[PDB]
Amino acid sequence: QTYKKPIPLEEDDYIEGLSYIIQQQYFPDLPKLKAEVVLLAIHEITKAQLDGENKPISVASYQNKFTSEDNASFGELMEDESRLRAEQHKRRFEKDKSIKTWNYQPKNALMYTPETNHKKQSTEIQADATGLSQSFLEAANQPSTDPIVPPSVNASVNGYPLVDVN
Amino acid sequence: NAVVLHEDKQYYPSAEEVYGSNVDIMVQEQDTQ
Amino acid sequence: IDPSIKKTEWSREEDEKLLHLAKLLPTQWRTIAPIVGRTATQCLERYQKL
Amino acid sequence: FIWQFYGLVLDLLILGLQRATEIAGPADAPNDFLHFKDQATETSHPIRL
Amino acid sequence: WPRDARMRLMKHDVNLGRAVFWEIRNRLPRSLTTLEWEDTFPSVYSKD
Amino acid sequence: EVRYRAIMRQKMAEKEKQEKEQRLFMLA
Amino acid sequence: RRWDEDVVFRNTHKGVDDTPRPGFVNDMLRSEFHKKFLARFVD
Amino acid sequence: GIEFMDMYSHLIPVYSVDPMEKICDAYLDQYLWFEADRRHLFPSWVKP
Amino acid sequence: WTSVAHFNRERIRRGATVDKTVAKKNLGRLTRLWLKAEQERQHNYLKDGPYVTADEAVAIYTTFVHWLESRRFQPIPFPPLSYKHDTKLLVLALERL
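Protein chains in written order, with PDB author numbering: chain A, 22 to 60, 98 to 151, 180 to 204, 212 to 247, 251 to 262; chain B, 67 to 99; chain C, 52 to 101; chain D, 1062 to 1110; chain E, 1159 to 1206; chain F, 305 to 332; chain G, 223 to 265; chain H, 918 to 965; chain I, 773 to 869.
Bound-form chain A, shown alone:
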């Protein structure tokens, strides 16, 4: 389930589909909020893929299957210089027998950085955590405490009155 290639959608289909996935998760109040101001088939495929499971799709899964046309046109463009330079690099660079010494590899681990050879998934995200509800922002705007009396008045200080003679 790793080798599967993304399908090359057209751009405005890709961005429109991408924009929908973000809005359904990080800006859930956007569609309703559009109405107060005034007053394609791809996204249908994504919903129908897992109609049984109500879990909305994520940004990663959308881009793990759907990719734009330029992001897929650029890949073939860059695959040519890699495959073209392969031939360029390979041309630029009784009885008894003779000595044999080691094995030769064009890329060393001493002069060039080597390759890689070593359940791995985590970091769930709360979408509601990314914004502040209007109800909460109302609460943290209301002054409220026990007012402490000033030490002195017009003439008691610390409560005990200033004594006259009379």
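Heads up, some of the hints might be wrong.
[As the list claims (entries may be wrong)] For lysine-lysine, the following DSSO-like pairs were computed, each having C-alpha atoms within a straight-line distance of at most 27 Å:
hint: 1; chain 1: F; residue 1: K319; chain 2: A; residue 2: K55
hint: 2; chain 1: C; residue 1: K68; chain 2: A; residue 2: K123
hint: 3; chain 1: A; residue 1: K26; chain 2: A; residue 2: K113
hint: 4; chain 1: A; residue 1: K213; chain 2: G; residue 2: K258
hint: 5; chain 1: C; residue 1: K74; chain 2: C; residue 2: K58
hint: 6; chain 1: G; residue 1: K236; chain 2: B; residue 2: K75
hint: 7; chain 1: B; residue 1: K75; chain 2: A; residue 2: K181
hint: 8; chain 1: G; residue 1: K258; chain 2: G; residue 2: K236
Simulated from the structure, these hints should not be mistaken for laboratory data.
With chain A's structure known, arrange chains B, C, D, E, F, G, H and I on it following the hints.
For chains B, C, D, E, F, G, H and I alone, kept in the frame of chain A given last:
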């Protein structure tokens, strides 16, 4: 599909992978006497 | 000065590569330049000209 | 400056938006350095300072 | 500090300090930062 | 989203001001 | 918990461990010792 | 240019930038720090 | 080379040496070693893509946007040609240089 961070990168196979499971792999960094 | 610099006119393949990279990494011309094949100043001037 | 606001971003990750708003206070009337608006907000979360 | 002024390694307090470090560290993505236990010292004040 | 919410907030403030104007006309 | 359910990221360090002990890499520049040395003496 | 300043227990990386670019960066630094303080960008727990 | 660098830096950190030449030599060795490591790290970053995933970046940007709009932050504008404090900021910068 996961990304490997630079600190978590491993370039070389484990000694058990390269030598098999029938060999005693000893890593004696520190003295015992 | 150095001969490695390609001062010829911009081919179409490297032009689209430059467009794609300039979209991918906003600013950051010193890293776009090696992938495109030209120098950073050449890439920036070409993008501005486009 | 570049570091000081990228590290203000990490502050909201560690604290969360509600606790950050409680700690910093209103935009028009910001709190003191290590003081809260009232004891109701101060004691409503384990994070004090 | 002279001991009897350091932190007393009570089981509950040690667990609480390590739990706080664990939670706060989990709050941060590993891609952009991390917290090392060798640079962190959570000091607990309690009845112990 | 921010620009839409700003429009909505300013329009709700306009609603408050116009209803306050109506109430001040009604008190007269 | 209500007190930790506020934040964005969770379980970011769920599957991490301490260090490869039996690993002996015959490369002084990629061994654990060198990485620790560079992380300590360069700040 | 990049070089390290020896503290004998850790090394401080020192970056040497071009003169005119230094002047432009300094002006941008001053302007940004002055503007941000006026507009209350940093919420009082950032230090120093 | 690397073993000698390790040994001499540990000796310098303890404080066992007073040679000026040894300190300079070891500073050079450590600068070279750190630069090799840093170059490898940049190469790996280009190879292995952005370590911060798309989901993390979107969440961070969204939370920062919500935080900024909660405080009604007014974005900093480009310094106009007719700016009152231009000379004062300029003189402060020149003094610090």
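Results for each hint:
no.: 1; hint: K319/F / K55/A; result: holds (17 Å)
no.: 2; hint: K68/C / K123/A; result: holds (23 Å)
no.: 3; hint: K26/A / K113/A; result: holds (23 Å)
no.: 4; hint: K213/A / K258/G; result: holds (25 Å)
no.: 5; hint: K74/C / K58/C; result: holds (23 Å)
no.: 6; hint: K236/G / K75/B; result: holds (18 Å)
no.: 7; hint: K75/B / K181/A; result: violated (50 Å)
no.: 8; hint: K258/G / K236/G; result: holds (23 Å)
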